[PDB]
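Colleague: Chain residues, written in single-letter form:
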Amino acid sequence: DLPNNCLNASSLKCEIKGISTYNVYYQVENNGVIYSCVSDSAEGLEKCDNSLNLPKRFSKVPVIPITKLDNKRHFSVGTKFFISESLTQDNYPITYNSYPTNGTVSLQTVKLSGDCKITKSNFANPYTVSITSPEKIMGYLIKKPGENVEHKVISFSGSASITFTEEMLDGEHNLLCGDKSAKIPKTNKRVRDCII
Amino acid sequence: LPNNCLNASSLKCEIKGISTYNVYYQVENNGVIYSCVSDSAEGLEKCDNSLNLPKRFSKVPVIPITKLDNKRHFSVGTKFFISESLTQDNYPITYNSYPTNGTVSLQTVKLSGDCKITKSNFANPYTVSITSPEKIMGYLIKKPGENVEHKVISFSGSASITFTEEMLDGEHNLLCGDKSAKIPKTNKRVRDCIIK
Ligand SMILES: *[C@@H]1O[C@H](CO)[C@@H](O[C@@H]2O[C@H](CO)[C@@H](O[C@@H]3O[C@H](CO)[C@@H](O)[C@H](O)[C@@H]3O)[C@H](O)[C@H]2NC(C)=O)[C@H](O)[C@H]1NC(C)=O
Ligand SMILES: *[C@@H]1O[C@H](CO)[C@@H](O[C@@H]2O[C@H](CO)[C@@H](O[C@@H]3O[C@H](CO)[C@@H](O)[C@H](O)[C@@H]3O)[C@H](O)[C@H]2NC(C)=O)[C@H](O)[C@H]1NC(C)=O
Ligand SMILES: *[C@@H]1O[C@H](CO)[C@@H](O[C@@H]2O[C@H](CO)[C@@H](O)[C@H](O)[C@H]2NC(C)=O)[C@H](O)[C@H]1NC(C)=O
Ligand SMILES: *[C@@H]1O[C@H](CO)[C@@H](O[C@@H]2O[C@H](CO)[C@@H](O)[C@H](O)[C@H]2NC(C)=O)[C@H](O)[C@H]1NC(C)=O
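Residue numbers (PDB author numbering), protein chains in the order written: chain B, 109 to 304; chain D, 110 to 305.
Fair warning: there could be bad hints in the mix.
Here are the computed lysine-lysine pairs in the DSS-like style, where the Cα-Cα straight-line distance is at most 25 Å [claimed, not checked]:
(1) D:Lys168 / D:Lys180
(2) D:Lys176 / B:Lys176
(3) D:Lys164 / D:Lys228
(4) D:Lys288 / B:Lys225
(5) B:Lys260 / B:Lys164
(6) B:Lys180 / B:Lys121
(7) B:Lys164 / D:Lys176
(8) B:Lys155 / B:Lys176
(9) D:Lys180 / B:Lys176
(10) B:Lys176 / D:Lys252
(11) D:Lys225 / B:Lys288
(12) D:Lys244 / B:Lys168
(13) B:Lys168 / B:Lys260
(14) B:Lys294 / B:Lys180
(15) D:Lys168 / B:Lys288
(16) D:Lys294 / B:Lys168
(17) B:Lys288 / B:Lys260
(18) B:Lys121 / B:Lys176
(19) B:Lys260 / B:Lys294
(20) B:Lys294 / B:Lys244
(21) D:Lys168 / D:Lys252
(22) B:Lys288 / D:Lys125
(23) B:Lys176 / D:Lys168
(24) D:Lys180 / B:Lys244
(25) D:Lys294 / D:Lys252
(26) B:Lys125 / D:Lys176
(27) B:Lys125 / B:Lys168
(28) D:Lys294 / B:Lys176
Since the hints were made in silico from the structure, they are not lab data.
The whole structure should be built from the sequences, with the hints applied where relevant.
Modeller: Encoded structure:
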């Protein structure tokens, strides 16, 4: 059990099958046997086939999929591949990340996740909100309901300060950090520009 | 309209898949197959291949696994989830009563929600109590890799637990939604006294 053949994609013939917003699904081939694999950094895919639409770096923000269909529009954070069990008994061995196992690859929408200490109350600068997380890395995002807004994920760690843009304070906008979620109310237009 | 996917006893229906916490079936009304997933196991007795249907489903807070490293420690069964098809087209599905497009995908799962294990339950030291603020909750003891297809226990409010000689070896592990716990191994010479 050494799926390191997926580590060598620089020189082995590989085809790009699918591309998500947070991982990549491909399959290499060494001695006449295909090896489906999923990676989170895409280091040796430059010479693969369909090595066309892939990015420099997946931002590595912890994300878990959606169970709440109703919460889709409220928690769309993009697409990420996950190891599912095949619909047939098919036990096809895929090596998600560095861990090998069987199952089938399946693309699912995901949500943000973790322990974002969303600091509602902030002493000074009420228009500036702070956000902390004990996790090593953590991701947040500000978006309206839906909008098909992908990316806009920020790799933050520990201390993080957030200010709102002029349009952003439209009440329908929502701040997503970790599991937690809040809604920003529309501030008065004349209270704005009074900052001067 | 997900009509007569609740009336499936009035239609010719084909049982496609059965998981631990939900069931997948397709009904046929007038020319086109309706794919639907549910949890009641009601009205599906007259469907085809409905031989191994469970009485009811536990319907506990349940999320799938991400880190494949933790399947062995947190395996609690299999649950059907709505995903996105690898190809472009996506058949409309009506999970519960919620209609949407996509494809089905079977995934093993972990218990979800929030539990608060009374870690130091001095009162009857060998019996401890759990409290869940949610309306329903799931829990089960399980050593890594132990076959657990329906050993779960539907949990609401606050309840207590009494252990077994098997379950008090150092290998068994306590599971309750979002929390994990390990059981210490009592010497078999101390076991014969608690047996009284
Ligand atoms: C699914 O993935 C598992 C993970 O490796 C694969 O399991 C392997 O299946 C083989 C069956 O050929 C088993 O190994 C056997 O062990 C016995 C005991 O020594 C030995 O006498 C046999 O000759 C054979 O080697 C075992 O279940 C397992 N091996 C592991 C985990 O090391 C399985 O092949 C995959 N399913 C597929 C590809 O359909
Ligand atoms: C899911 O597949 C079905 C069929 O392929 C589609 O579902 C429904 O499709 C209609 C047509 O696009 C959606 O909206 C309607 O659009 C027409 C455009 O002129 C408009 O006149 C109507 O007032 C209505 O807005 C409808 O929302 C959609 N519903 C669902 C539940 O899917 C559709 O192709 C696929 N779904 C999506 C979201 O694309
Ligand atoms: C991946 O590529 C490297 C580079 O060729 C392989 O390393 C070779 O290993 C074989 C022995 O199995 C020998 O040809 C040499 O020891 C290495 N090559 C050179 C040029 O020294 C490696 O085996 C490949 N496969 C894996 C799984 O890593
Ligand atoms: C399930 O089927 C029954 C059929 O007896 C439905 O009862 C009527 O169904 C027709 C459509 O065939 C509707 O037009 C009527 O309005 C229904 N009668 C009512 C609502 O009193 C029933 O609606 C179906 N759906 C369920 C029970 O959820």
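Colleague: Given the hint that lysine 288 (chain B) pairs with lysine 260 (chain B), test it: the Cα-Cα distance must not exceed 25 Å.
Modeller: holds, 17 Å
Colleague: Need the status of pair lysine 294 (chain D), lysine 176 (chain B): alpha-carbon distance at most 25 Å?
Modeller: violated, 40 Å
Colleague: Quickly compare the C-alpha distance for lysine 294 (chain D) and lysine 252 (chain D) to 25 Å and report which way the hint goes.
Modeller: Between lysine 294 (chain D) and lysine 252 (chain D) the Cα gap is close to 12 Å, so the pair holds against 25 Å.
Colleague: What's the verdict on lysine 288 (chain B) and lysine 125 (chain D), does the C-alpha distance respect the 25 Å limit or exceed it?
Modeller: violated, 36 Å
Colleague: Holds or violated: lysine 225 (chain D) and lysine 288 (chain B), Cα atoms, limit 25 Å.
Modeller: Roughly 19 Å separates the two Cα atoms, so the pair holds.
Colleague: Does the structure keep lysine 176 (chain B) and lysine 252 (chain D) at a Cα separation of 25 Å or less?
Modeller: Outside the cut-off at roughly 30 Å; violated.
Colleague: Against the 25 Å threshold, does the CA-CA distance of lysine 164 (chain B) and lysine 176 (chain D) hold or violate the hint?
Modeller: holds, 23 Å
Colleague: Hint check: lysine 125 (chain B) vs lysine 168 (chain B), CA-CA at most 25 Å. Holds or violated?
Modeller: This hinted pair holds, its Cα atoms lying about 20 Å apart.
Colleague: Does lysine 294 (chain B) lie within 25 Å of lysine 260 (chain B) when you go C-alpha to C-alpha?
Modeller: holds, 21 Å
Colleague: Within 25 Å, alpha carbon to alpha carbon, are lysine 288 (chain D) and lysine 225 (chain B)?
Modeller: Holds. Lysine 288 (chain D) to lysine 225 (chain B) sits at ~19 Å (cutoff 25 Å).
Colleague: Taken at face value, is the distance from the CA of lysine 176 (chain B) to the CA of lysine 176 (chain D) at most 25 Å?
Modeller: holds, 21 Å
Colleague: Please verify whether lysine 125 (chain B) and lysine 176 (chain D) have alpha carbons no more than 25 Å apart.
Modeller: It holds: about 22 Å lies between the C-alpha atoms, which stays within 25 Å.
Comparing the model with each numbered hint stated earlier shows that hints 3, 6, 8, 10, 12, 16, 18, 20, 22 and 28 do not hold.
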